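Only one chain is given next, in structure tokens, and it is the form deposited without the named molecule.
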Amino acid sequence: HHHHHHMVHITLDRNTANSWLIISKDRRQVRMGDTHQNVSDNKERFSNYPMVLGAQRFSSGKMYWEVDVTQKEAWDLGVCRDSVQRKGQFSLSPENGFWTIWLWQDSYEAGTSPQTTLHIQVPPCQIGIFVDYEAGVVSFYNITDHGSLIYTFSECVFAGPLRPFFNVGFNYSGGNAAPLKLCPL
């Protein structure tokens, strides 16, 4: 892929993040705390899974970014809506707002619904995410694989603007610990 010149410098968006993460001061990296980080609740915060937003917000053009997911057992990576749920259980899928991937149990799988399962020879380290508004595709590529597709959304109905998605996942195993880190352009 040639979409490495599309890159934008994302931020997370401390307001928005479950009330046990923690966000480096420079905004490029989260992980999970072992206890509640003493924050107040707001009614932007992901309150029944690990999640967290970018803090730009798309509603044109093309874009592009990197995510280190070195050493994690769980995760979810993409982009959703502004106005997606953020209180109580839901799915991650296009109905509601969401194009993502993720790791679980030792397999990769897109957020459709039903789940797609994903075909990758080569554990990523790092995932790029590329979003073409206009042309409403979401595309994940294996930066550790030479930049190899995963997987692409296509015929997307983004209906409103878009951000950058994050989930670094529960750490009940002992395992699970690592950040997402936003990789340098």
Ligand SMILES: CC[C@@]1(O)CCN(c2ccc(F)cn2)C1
The other form holds:
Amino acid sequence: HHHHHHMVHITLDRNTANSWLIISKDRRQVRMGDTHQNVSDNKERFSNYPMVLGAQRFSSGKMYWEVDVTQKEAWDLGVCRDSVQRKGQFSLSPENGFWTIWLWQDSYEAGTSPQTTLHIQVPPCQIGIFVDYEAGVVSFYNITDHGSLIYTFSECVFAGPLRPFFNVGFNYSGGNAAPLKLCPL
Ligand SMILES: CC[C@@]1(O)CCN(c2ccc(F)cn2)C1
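Could you give the coordinates for the form solved in complex with the named molecule, as opposed to the form deposited without the named molecule above?
Every component of the complex follows; first up is the chain already shown.
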């Protein structure tokens, strides 16, 4: 791909974070804490899962960013509607306003309903996310493998403003404490 020149500076929105997350001072890194992080509850926070949104809202144009997933066992990445459900249980699907891929139990899958098997020969340490709002496209690129395509959602019904979406995953195993990091342009 040649999408790097629509690069946008993404930062994380503390107010949307699950109350166990720790966001860095620069708002470019997030990890799971070993406890509640001593913040008040609010209607924006994802309650059930270790999720957080980007601060940026997009309703037009082409946007690209990169995320470091080094030494994680589990994570979700992509974009979602600004109006997604925050509280209780839900599935990551375009019907619920999410365009995502994930790693879980040594397999990579796209968040369709039901989920789609991905075929990645080189396990990625960094993921590129490309959104074309007018075209209705969300694409995922393997930066570790010369930018090779991972998955494309097309004919997307965004149905409102979009926000960058992140899930650092649980750490039941003690093997998933590593952060998600937004990579420099
Ligand atoms: C274990 C120390 C941390 O809590 C802080 C930094 N960290 C990692 C782990 C892996 C990796 F690739 C990058 N950062 C997790």
